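**Student:** The chain contents come next:
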Amino acid sequence: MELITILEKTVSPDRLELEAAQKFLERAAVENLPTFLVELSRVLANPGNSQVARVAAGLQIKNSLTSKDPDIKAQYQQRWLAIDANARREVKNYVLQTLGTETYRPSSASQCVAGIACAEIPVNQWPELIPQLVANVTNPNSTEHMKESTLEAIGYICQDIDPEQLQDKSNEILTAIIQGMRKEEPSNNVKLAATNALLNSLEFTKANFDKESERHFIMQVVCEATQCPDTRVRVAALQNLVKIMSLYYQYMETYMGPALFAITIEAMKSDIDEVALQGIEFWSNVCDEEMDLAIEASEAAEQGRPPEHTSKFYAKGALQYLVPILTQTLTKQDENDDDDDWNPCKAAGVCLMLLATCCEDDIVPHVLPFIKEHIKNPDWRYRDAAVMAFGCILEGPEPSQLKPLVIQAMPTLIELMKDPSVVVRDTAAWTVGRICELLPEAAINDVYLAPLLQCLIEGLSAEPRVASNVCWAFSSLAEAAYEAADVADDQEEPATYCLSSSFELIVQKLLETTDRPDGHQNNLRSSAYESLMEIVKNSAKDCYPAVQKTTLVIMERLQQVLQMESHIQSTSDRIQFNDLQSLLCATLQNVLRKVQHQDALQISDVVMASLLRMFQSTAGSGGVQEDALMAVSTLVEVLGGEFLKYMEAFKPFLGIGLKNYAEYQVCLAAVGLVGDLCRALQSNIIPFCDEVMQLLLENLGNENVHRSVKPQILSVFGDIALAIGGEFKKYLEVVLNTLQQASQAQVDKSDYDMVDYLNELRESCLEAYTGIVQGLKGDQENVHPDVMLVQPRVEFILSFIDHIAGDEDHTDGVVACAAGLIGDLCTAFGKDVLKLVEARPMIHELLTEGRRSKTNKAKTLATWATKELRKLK
Amino acid sequence: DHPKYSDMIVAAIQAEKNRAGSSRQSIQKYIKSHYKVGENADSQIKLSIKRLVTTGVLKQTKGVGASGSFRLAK
Amino acid sequence: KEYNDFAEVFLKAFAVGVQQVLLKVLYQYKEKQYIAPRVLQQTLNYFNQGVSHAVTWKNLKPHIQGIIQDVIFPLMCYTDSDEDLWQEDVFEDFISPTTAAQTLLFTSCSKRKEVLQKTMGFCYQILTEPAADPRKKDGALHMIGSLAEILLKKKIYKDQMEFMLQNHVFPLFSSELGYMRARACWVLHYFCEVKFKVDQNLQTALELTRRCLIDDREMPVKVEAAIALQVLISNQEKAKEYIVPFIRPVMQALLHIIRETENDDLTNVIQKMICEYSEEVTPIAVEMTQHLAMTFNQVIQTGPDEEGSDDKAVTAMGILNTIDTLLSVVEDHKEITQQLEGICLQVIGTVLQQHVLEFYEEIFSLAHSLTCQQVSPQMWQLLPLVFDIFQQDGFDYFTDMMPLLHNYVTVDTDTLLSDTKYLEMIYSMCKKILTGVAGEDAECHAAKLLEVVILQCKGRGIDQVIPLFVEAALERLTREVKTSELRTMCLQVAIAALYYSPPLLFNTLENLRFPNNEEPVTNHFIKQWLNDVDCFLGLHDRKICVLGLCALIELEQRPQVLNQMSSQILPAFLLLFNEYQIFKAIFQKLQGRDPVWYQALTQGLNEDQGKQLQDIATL
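Chains as they are written, first to last, in the authors' numbering: chain B, 1 to 873; chain C, 24 to 97; chain A, 283 to 370, 381 to 870, 958 to 998.
Chain B extracted, bound-state conformation:
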């Protein structure tokens, strides 16, 4: 109202906030704009998200007395309507004037304009913005910044999900396309407007008029772009531009694509540059990204996957000339030592792969010989290079050519891995690993073994500093395991002692590996964990001595993880922590995968500490809903045992958790954990009622808000209610009352949805009555306390039962409880009237309907219940 008291006090949420506060936010905030254009505009900057008219209007409007009533539903638009500045149409047109003028470097208005889409979302449509924007776009003062500045509104407008058809705007856009392509721009930014403008207008489909002339312009764009480096990402705009061509090829004839082919040759011709020129060196990195485009350019013609448009494109026919180019492209040589990082280069490798697919005719004759040419004159870099290239060769079986070439490779390759440098062998090891999985015809099992034997023990020295490659060699050994599974017959009976001791060493190495000195490479902690899991899978009947220590190590890791977990560090950490935690879970299930009678008691024993720690920290930390929940699951998976002490420990935390307000919604998580511990012990039921009644009491208020957590709770409470056996009659009366109370409780609508599942809610009430029935005598004179309520219980049920009984959608459980209902209520009610006997057939048809089922079982008992149902006279 004044002094920010309403602006600040009003901010706190209150009942009917959109309706009353909305007058303040939408009308008052909106109200400020007519009096002062400046204050309202000033208003966007301090709290862009916090706009009473829009931000307040937007979420408070979505939930309302009427979920979807225009007169009743939106006050943000009405409130703003009073103030000219506040108006939704004023929002559009004024958003244009203010938003364009006040670019202010990064723009607050753009989000507001985007909200413009969101807030206007309640209204069917807004037509105010286009005429002025169109006029602005065609405005005489065509400033370079202004010409480029326009469309910020257009871009976000394109982004909005709602679809409307505008054509005059499309015509203006076409004019812009021709003029922009036509106009020369010396500043990267203006064309960036061209590119981003295009991609957003590209959308999924284009209503723009057809002509292939503009694309030719793209070809030209490369040449001048050759002269100036600009922005690596500006260049990205060029690469993206062609990529735009990649998405769509409307006319094959139109898309001659001669310029692209010509451009590739010139670029190919300008392979780097003589003497490594700098414009060219930057061009080489950008060229690498562009090269990613290059693979696409090669990919465009003769693609393997089904495509809308497929053609030689003048390249496959020219492949003969282009046959040489793949070998020629090799003009660029790199001596850099990196194993796990690709960046622009991966694109290089994939491009090589596409040529590999497209090799067609003459590839087979060339392949045996190509290796020989490299083999005849192989340099130290070349052999290592030969290995990387061979890795390119991996794709394509080349069966006639490959065996002789591969067979000599075993001999040739073997005199190579013993290179002295720690890094050179590692290079051999990774490429060798890919080959190893790749090749089964050649057999160096004996040849493979010395290195494996050597790798397991000898290659631990280089492990501490950047020893990931030694690990990579280990990964290769794991592949050796897979290859053994799929390479040649048998040979699975030897090397076990070697495996037992080496793996025995691996596991200890892992923890420090995870926190080991950085190589920042394609080495995965998660991947490492997966490798460990695979090794465990390869585990024998017993590896218990390792496992206890392993679990403790995990405990040490958990403590380290907890230290990382307790105080975060800017989120770079947040994620580096989180993924590694996911692997920690991998550890947890992996440790408990095996099960032995002797083993379980021992493992559970030491496990007790861990479980407890989880509870402590899990209850205490309050950081992740599923991580902690998952911890509950894994520790929870420890079925059986003396759970009286542990389970007893669980209830206060469970009761406390329900009481706890850390998470806005905790019902789904709460339901899952209980639905397991609840199952384990039923002999003593004393602990549950105290926390449960409150939780039960707490649930009714909670129930209105969520539909999903209703039937499950109704079913869950039924499960607690499920013991029956003529016990908890007092509780049973309350339980019976609760079902009535649940029916009595007011309906709740969430996300503009109310009672979506008629069956679960309606049936849920059916289940709930039955639950009281098991707890409470299906003969308790005062079955229903209330008179109004009583007619339905007393007389409504019999009439309703005939209709319901003849009714269908009989669930496997509602059907079974009902099966009990027929006999028990039936004997007492037997002889009430001819009508019960007479009205029986309607029930019979539904029972016949119930009969169709999958794997139905136990007719005897149901038959007995029905016998009681018909036990008449």
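Don't read these hints as lab results, they were simulated from the structure. Be a bit skeptical, because a hint or two may be false.
[To be verified] Here are some chain B residues the structure puts well away from chain C; computed CB gaps all over 10 Å: (1) 68; (2) 130; (3) 180; (4) 236; (5) 295; (6) 363; (7) 464; (8) 521; (9) 557; (10) 607; (11) 643; (12) 679; (13) 680; (14) 681; (15) 836.
[Stated by the list, open to error] So the derived list for chain B, only partly shown, Cβ under 10 Å to chain A, looks like this: (16) 305; (17) 306; (18) 307; (19) 490; (20) 859; (21) 860; (22) 863.
[Stated by the list, open to error] Away from chain B, derived, C-beta distances all over 12 Å, residues of chain A: (23) 304; (24) 417; (25) 501; (26) 567; (27) 600.
Think of the CB as a built atom: it goes at the ideal place given N, C-alpha and C, for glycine as much as any other residue.
With chain B fixed as given, assemble chains C and A onto it according to the hints.
**Tutor:** For chains C and A alone, kept in the frame of chain B given last:
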């Protein structure tokens, strides 16, 4: 109740009749305009993607990890 | 599940009633005669269903039902066995119900009913029946009931892991003196141990005992050991590490076996030996094959001896069969068999030299057995003599002739091109001599198809006689081999004949014609294309067109000559009736590319038909 994270992702992938699936950005901004949202969408959602990968829902297509393009298995 | 009682849950009343009837029958025994149980089969058949009916009503939980059932078969059989047998011998009595239990079990597996414990109760009961007969039907019964009973108990209901048999035990003790052998034999006969991927140490001791069994003074003793040995080796095994060491004596015993002759199962074990032969550890295996080659020398020596007393066709077949087991594992090791094949050819030649067989059984066996043979020029040289006889043999009986004739053509494969060096020509003349209406015989449809097919195979690259062959054979064939019975064979034969070399027929046939071209056939073909839509060839109810037409439509050529008829033809079959990605992109381009001008004639109709055809084809 609360919509399942997997559901959201399934709907987003399936809403685009496409082969290469989509850049997470598409699903994420889709979430931004189509659903209730919070500051931790990237961390909790991203981890959710990671977890739906762990459940084996999806097959990789382009990229590596939750930054890429991916397709359903059939 | 099983129908034992009326309505729902009736199954139960009948099974109780049967037990009650036994009790009523039990109080007074009027008959006091054997074979009383057999008369109860109608009742016995009724009883399993009734028991099933009680479980079916109750639908008792499988774990509880299984536990009850596990206690129950033994408890009721035992309670029933303890009372029924006294008031009804034991062994006979065990069998009908045992067989009946078998009947229940076969039905049970599909049903998934849970049972357990049939086997454990029996070992003790097994004690009850001696199962020893020196030379009476008694032995027969021992065979039938004991071995079968043990196998069933071990593998279906009892699911036992390990057992010690006292009856098995006496025989092990005190060597082979006296009875232990009589007892041991019964024991072994009645059981084979069943294990998965397990070495058995008792089996190792059994191998040493097998050596002692080899040292058996008498053949009958050797026989009782032999059945066990034959199955035992025939039985597949997880390890058999000491088996190779064990094998030489067995092989050495095999040697004595050739001299010893005697048992057919022992000779059959040789068959088992081949199976055992693929094994694991193939490279040494070759050296075993060479020793087996010396044993094969014995086999070659053996056949006449086998011929002299009791024929052992299997043994003759087995030498050939055994190589294949070696074929089973491939180490790429150089094969020394070539020379062996030469020996086989010499042996084969001796039978061939006589050129006759009174039985007309051994000759076919030699042929099919001998089908795998060297294709070397000498092997190549052998076929004309083999084929020359083949021409004589095929002609006398068409039915007898066809399987061999197909083989005779396969034999013709070595000759290959040039009609096997002009022999193909001899075969055609012989066929002409034996080709006619006489030829239609059960399977003639197939037979005539085969004959024509044979010709086509010879004519891999025999374009010149081909116009005459299709045309000449057909004119003669329609009158001579045309039959109402063979129309189904004929349509496919006609379609296939028409289907084969259509272009060669279309252009080369059109270009050069002897006695012109088959205008009637061409007229018939034109009518036939329309006719196919109207009438189903071979009375297949349209099965053939859809199946081949799938892959076939893109590849096959019918579009240019008579597209309107073909266009009219395709839908009717479909109405009556009811790899790809690379091919689909490639096919439109490929078909269009080789003759762009040619498609043009059927360009609109072809394209319209194609779009519809593609949808029908891929729909």
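**Student:** Would you check whether residue 305 (chain B) satisfies its interface hint, that is, whether its CB is within less than 10 Å of any CB in chain A?
**Tutor:** holds, 8 Å
**Student:** Test the statement that residue 567 (chain A) is away from the interface with chain B: the closest C-beta pair must be farther apart than 12 Å.
**Tutor:** holds, 18 Å
**Student:** Would the stated hint for residue 306 (chain B) survive a check requiring a Cβ distance to chain A of less than 10 Å?
**Tutor:** holds, 5 Å
**Student:** Just double-check residue 681 (chain B) for me: nearest Cβ-Cβ distance to chain C has to come out over 10 Å.
**Tutor:** holds, 29 Å
**Student:** Non-interface claim for residue 304 (chain A): all C-beta distances to chain B beyond 12 Å?
**Tutor:** Its Cβ never comes within 12 Å of chain B, the nearest being 25 Å, so this holds.
**Student:** Any Cβ of chain B at or closer than 12 Å to residue 417 (chain A), or is the non-interface label fine?
**Tutor:** Residue 417 (chain A) clear of chain B: closest Cβ-Cβ about 32 Å, beyond 12 Å.
**Student:** Verify that the Cβ of residue 557 (chain B) lies farther than 10 Å from every Cβ atom of chain C, and report whether the claim holds or is violated.
**Tutor:** holds, 19 Å
**Student:** If I take the minimum Cβ distance from residue 679 (chain B) to any residue of chain C, is it greater than 10 Å?
**Tutor:** holds, 23 Å
**Student:** Holds or violated: is there a CB of chain A closer than 10 Å to the CB of residue 859 (chain B)?
**Tutor:** This interface hint holds because 6 Å falls under the 10 Å limit.
**Student:** Examine each Cβ of chain C, and state whether all of them lie more than 10 Å from the Cβ of residue 836 (chain B).
**Tutor:** At roughly 40 Å from the nearest Cβ of chain C, residue 836 (chain B) sits farther out than 10 Å, so the non-interface label holds.
**Student:** Decide, holds or violated, for the assertion that all CB atoms of chain B are farther than 12 Å from the CB of residue 600 (chain A).
**Tutor:** It holds; residue 600 (chain A) is separated from chain B by about 43 Å at its closest Cβ, greater than 12 Å.
**Student:** For residue 464 (chain B), which was marked as not at the interface, is the minimum beta-carbon distance to chain C over 10 Å?
**Tutor:** holds, 27 Å
Consistency with the previously given hints is maintained throughout, with no hint failing.
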